[PDB]
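Starting from the structure of chain g, add chains A, G and I where the hints point.
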Amino acid sequence: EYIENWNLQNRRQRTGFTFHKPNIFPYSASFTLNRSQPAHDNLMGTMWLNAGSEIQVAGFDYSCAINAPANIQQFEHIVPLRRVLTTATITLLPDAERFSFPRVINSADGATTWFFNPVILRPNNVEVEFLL
Amino acid sequence: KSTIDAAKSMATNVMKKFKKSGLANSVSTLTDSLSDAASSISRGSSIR
Amino acid sequence: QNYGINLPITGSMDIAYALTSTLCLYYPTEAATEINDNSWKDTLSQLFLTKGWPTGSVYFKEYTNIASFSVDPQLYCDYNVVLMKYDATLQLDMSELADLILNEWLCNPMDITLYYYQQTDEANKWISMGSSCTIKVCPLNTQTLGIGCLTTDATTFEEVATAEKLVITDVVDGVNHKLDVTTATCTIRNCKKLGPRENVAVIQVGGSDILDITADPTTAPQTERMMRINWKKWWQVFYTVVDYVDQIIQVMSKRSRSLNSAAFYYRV
Amino acid sequence: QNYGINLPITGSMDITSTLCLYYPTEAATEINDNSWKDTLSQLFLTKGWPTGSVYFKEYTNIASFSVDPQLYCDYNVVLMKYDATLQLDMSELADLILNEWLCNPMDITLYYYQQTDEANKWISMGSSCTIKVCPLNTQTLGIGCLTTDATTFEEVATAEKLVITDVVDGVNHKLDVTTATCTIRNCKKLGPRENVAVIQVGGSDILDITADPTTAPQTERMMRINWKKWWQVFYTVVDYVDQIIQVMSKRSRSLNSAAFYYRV
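Protein chains in written order, with PDB author numbering: chain g, 134 to 265; chain A, 535 to 582; chain G, 51 to 68, 77 to 326; chain I, 51 to 65, 78 to 326.
There's no promise every hint is true.
[Unchecked claim] Restricting the straight-line Cα-Cα distance to at most 25 Å, the calculated cross-link-like pairs of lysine to any residue (SDA-like) are:
no., chain 1, residue 1, chain 2, residue 2
1, G, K236, I, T108
2, G, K223, G, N248
3, I, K291, G, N199
4, I, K250, I, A125
5, G, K99, G, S126
6, G, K250, g, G192
Treat the hints as calculated values from the structure; they're not laboratory data.
For reference, chain g alone in the conformation it holds in the complex:
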């Protein structure tokens, strides 16, 4: 197979590399806030870990969107890839098993930490968009 893809990228034909569970997502485990208190008695943000060949995202709010309009809080998160893929068969499970247990996490500036005791709901109007 590999010599063949070689001779093909030599012969100017569409190359093809098949793969089982590719480690295409780079490693970066970081979080993002939309609203922050220096003591964390009022927050709104997201966490996400993208490792190996899978990604786990989880958006969280402390107010459960009570003050927000029409009792709805949006969450976005995008991931670009450095190499386009083809004919992918993706699996999608709604949860964050990795973000489901009380954590103590380090702040952005690096002097103190903050708490996390989340309780899981199921997400509504989940939209996944594979754009080219």
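This is chains A, G and I only, laid out in the frame that chain g set:
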């Protein structure tokens, strides 16, 4: 075939009851929905 | 630098990490009257000095009676601790004093001789401070007709507080009311409960705890900024609150309104 | 429709009224108005209640309120004015008004008795009820008291308008009551009631709804608030009513679903 006097505003007397039936408030709810659709962009699509 | 435009902030979970904070203590009278000395302040000062805290950094402002301390509690200082001497007969005032000086109230003034009013949300209250407040309130239906009270005069309303210096009413939302006080005696301000205040820690020296800060019946929480200790000699109370003053200080935090970055976010 | 079975329910993870207020008389006495109930009715209208279905009931003293207690109404918010005197009375009163009590009568002149499960109590109500007990050996013989006596008994309560009596179980006891003055029903607690919410005024949330010492189970129904005037309490009641409504649920016995399943 009811031919009696005092045949009052049968239409409007009908209307007095009709303007409170469930279909009416539901139609108003439908128009209210269509209105909500035209305002909320600053809040994200809140309707499933 | 870039202020007042709330933009997201990237932290990380990838890097671990290896004085000017000023305590400002208050205290009541009968304690002092029993202390029987005028140097006790200096002893506290030298102790704090040995604990790692500068001399000249701690100041003692004294309140005489709890109802006296209720007016104008501008507790401006880097970190504030209030020891209140408990009463088994003066309770509601302690609860509301805690409520006031532990939360942040942004309020606008009123002119009740002219305007009708109405509360808006479960986070909107009416604080009333001064010498001797006697609130007079008269609810109204939708087109300004007295309900249980007569609006053609003033003395037939339904009073909600008498002989009080500081009281914070909460009214049924969404209905207009007529109001009266003596606007040369005390003043009422319509406050919105913006967000919890973190500059202060209140500890009570006396009977059982009663403290709640939510005027919500269902939610009667026990925050951390509310502490309780027993006593039979105030000396030990002072000595001890200085023995653990490290932990107390680590519990509170810098006032989230004066941080040079709270600019254009309500007081800075 | 299909009652009387315990038929497992499946599911998935993709899919009038009555507000009912009891109050102590001293309050309206302090109020000195009379049209007040009508005023608060108007206010409950403004918060969304139908006009002319909300009822206020008046009890003279908590002792009085203890005897013949009956709540029949969709949503009950019961106020209680604390006193450092009746801590037992108020505890056991909130208890009797927090649970579902499967009860049967008793005749203490003809048999012995027992407690067979930890969810079993002996409740007594009456005008002037004062009960005495004497536990019995396995040979049906009295100890520190004799079935022939009525005075060497072991006193457990005294002229209490109400009492919730409990003893060590698996053991028989001969008692002493006055039945043409008092009734004692053998009752078993089953679940918590959702038609009642007990707002205490004054005090420090001291309730205990179980004769169990080891825990003091605090819940979402035993609320507390402070007072300096009554209209203060009533305004807090009316304005904050929605969260209270969210606390108390429809009477799980009430729905035409519990039929022949020890339905009320």
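The hints, checked one at a time:
1. G:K236 x I:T108: Holds: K236 of chain G and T108 of chain I sit about 18 Å apart, inside 25 Å.
2. G:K223 x G:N248: The given pair, whose Cα atoms are some 16 Å apart, holds under the 25 Å limit.
3. I:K291 x G:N199: Answer holds: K291 of chain I to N199 of chain G is near 23 Å, not above 25 Å.
4. I:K250 x I:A125: At roughly 23 Å apart (the allowed maximum being 25 Å), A125 of chain I and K250 of chain I satisfy the hint.
5. G:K99 x G:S126: Distance ~23 Å between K99 of chain G and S126 of chain G Cα, so the pair holds.
6. G:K250 x g:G192: Violated. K250 of chain G to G192 of chain g sits at ~29 Å, over the 25 Å cutoff.
Checked against the numbered hints given earlier, the structure breaks only hint 6 and satisfies all the rest.
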